[PDB]
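Just the one chain here, the form deposited in one PDB entry, laid out as structure tokens.
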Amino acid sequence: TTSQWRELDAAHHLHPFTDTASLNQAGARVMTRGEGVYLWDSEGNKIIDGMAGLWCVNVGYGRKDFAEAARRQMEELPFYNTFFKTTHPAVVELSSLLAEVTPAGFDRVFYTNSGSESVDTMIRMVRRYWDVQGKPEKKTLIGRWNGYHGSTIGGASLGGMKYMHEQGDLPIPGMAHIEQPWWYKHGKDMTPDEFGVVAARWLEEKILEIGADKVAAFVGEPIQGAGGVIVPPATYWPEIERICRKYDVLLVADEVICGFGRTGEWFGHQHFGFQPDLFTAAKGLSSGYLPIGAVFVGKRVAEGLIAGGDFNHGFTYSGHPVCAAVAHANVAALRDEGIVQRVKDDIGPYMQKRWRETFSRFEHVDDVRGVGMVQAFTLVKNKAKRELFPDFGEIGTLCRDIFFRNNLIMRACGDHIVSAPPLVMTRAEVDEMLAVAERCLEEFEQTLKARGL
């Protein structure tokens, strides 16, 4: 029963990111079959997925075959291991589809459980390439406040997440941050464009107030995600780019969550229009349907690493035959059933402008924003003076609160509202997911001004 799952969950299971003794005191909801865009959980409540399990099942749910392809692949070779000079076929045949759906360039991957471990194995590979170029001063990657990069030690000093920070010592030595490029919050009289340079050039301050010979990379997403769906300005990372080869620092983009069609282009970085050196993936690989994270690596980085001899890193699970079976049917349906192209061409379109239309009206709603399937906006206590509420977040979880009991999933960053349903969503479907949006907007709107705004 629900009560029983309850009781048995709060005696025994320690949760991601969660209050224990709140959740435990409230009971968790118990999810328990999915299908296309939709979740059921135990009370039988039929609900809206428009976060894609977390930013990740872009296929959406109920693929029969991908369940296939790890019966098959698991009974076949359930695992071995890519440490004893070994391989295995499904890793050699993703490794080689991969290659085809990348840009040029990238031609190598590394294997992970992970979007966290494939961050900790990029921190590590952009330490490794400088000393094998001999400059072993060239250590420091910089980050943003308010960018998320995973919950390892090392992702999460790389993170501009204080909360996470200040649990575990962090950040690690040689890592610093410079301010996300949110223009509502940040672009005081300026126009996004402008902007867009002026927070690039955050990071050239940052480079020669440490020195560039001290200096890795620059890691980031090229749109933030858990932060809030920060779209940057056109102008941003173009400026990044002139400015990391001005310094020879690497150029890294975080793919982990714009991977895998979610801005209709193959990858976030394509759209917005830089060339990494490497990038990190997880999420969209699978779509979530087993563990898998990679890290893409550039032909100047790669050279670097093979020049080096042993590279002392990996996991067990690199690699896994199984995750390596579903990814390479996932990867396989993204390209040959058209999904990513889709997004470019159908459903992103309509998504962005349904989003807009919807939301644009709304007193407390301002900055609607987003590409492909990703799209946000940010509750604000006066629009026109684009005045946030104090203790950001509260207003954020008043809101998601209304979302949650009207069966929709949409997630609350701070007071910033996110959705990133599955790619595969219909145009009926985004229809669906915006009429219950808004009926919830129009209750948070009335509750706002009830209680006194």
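We call the rigid core the largest set of C-alpha positions that still match within 1.5 Å between the two forms. Residue numbers count along the first chain shown, from 1. First, how it differs from the form deposited in another entry.
Once you line up the core between these two forms, the CA of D41 is the only one from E68, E394, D401, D41 that shifts by 2 Å or more. For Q352, the Cα coordinates differ by under 2 angstroms between these two forms after the core has been superposed. The two forms, fitted on the rigid core, differ between these two forms by 2 Å or more at the CA of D310. The rigid-core alignment places the CA of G338 less than 2 Å apart between these two forms.
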Given for the second form:
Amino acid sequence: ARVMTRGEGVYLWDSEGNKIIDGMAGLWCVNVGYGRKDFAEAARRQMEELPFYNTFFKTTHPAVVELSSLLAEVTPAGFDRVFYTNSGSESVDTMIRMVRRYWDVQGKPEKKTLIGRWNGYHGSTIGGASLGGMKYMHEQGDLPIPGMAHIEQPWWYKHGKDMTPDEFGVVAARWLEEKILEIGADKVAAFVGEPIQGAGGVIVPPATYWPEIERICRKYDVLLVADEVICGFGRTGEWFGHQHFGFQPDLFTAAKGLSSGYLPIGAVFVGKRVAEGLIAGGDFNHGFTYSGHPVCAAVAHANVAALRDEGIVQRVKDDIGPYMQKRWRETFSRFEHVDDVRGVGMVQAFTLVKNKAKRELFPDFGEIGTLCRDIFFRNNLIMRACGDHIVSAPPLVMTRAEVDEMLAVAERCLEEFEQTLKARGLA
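Any chance you could show the form deposited in another entry after that form deposited in one PDB entry?
FYI, this one's just the chain on its own, none of its partners or other molecules.
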């Protein structure tokens, strides 16, 4: 009858009194960790004083203006316009309509197709599911909607062949050039991608990938959109994934990580180029002014202020990031059936493989991931299996102690993994 009692820092406690390490930070979003009583209070205060604004007033609710001011301080230059939503899924959907509307305004109404990636995830809307490349969303029949295409994911371990990462990076990106040319540049609105594919299994692209993607977008006059749903609000040590990989998207989407998951909220950050365009069109002015649930906005403000003023983000870049990465590699590198050990900031992962030498994957990709995950679970550690990949994204406020503590349990579980593997003769 196991029931969650409470959560604190990086831990969750059950009814039987057991403590669970949340190596996933809820749904990749509990960035400041659990237990932030101060957030409850910011909520209480805002609900009490002014939980609504009205379009009667022709102004913006002060708790939204506040959030916007602070966001502009932590986001790259030129991201002045922000459109608030209730979720990452809505952010994606809004982004889609914004991209299409932008081209309309430009007198290029046939520029409508957005390109995404297989094993990409952009939420659960029809719009987002059709943009995302999860294989079990696309055979559905209705997905994808037209104006959606997909290229293969830059996953080196499977698609690298004999190429080096850097080399594969150029190839993997060039798939965007192929798809654009195949479709017609005059029909393509945008490429959308997570800097690191989260739900795809923390597929980290080679260093050559993103600058090539961007060159291609610019070449063919296609907008570039980063989906910062998972990589946003300090996850890679930078404020946003795209900053780490060193590309400048024309828009980017954010989700409940903006509030550490405390209340539902998302946003679309819009750059100068597109902002100017949407304003002339006027379609979205209402959202840029009146968007943002005030209570949610106040909790988001608290969370971002914590992220900055408590040096949580800088700490990922400087201290806990490098440490986690080093320790992550140290801990996991040595296993027989564990390969492509990878990570940046506080997102990290590895893949379970049949044989590292041949770079051979297990059959029925995901069944072996399940087996490993059940173990982490029976051992009161939360790490998720995406197919045969194992992924972790703990709260950003995790300590060096907590790091070692988590890895300790993971270590033990993987030892147990190899055994059960041999014990079954699947090793």
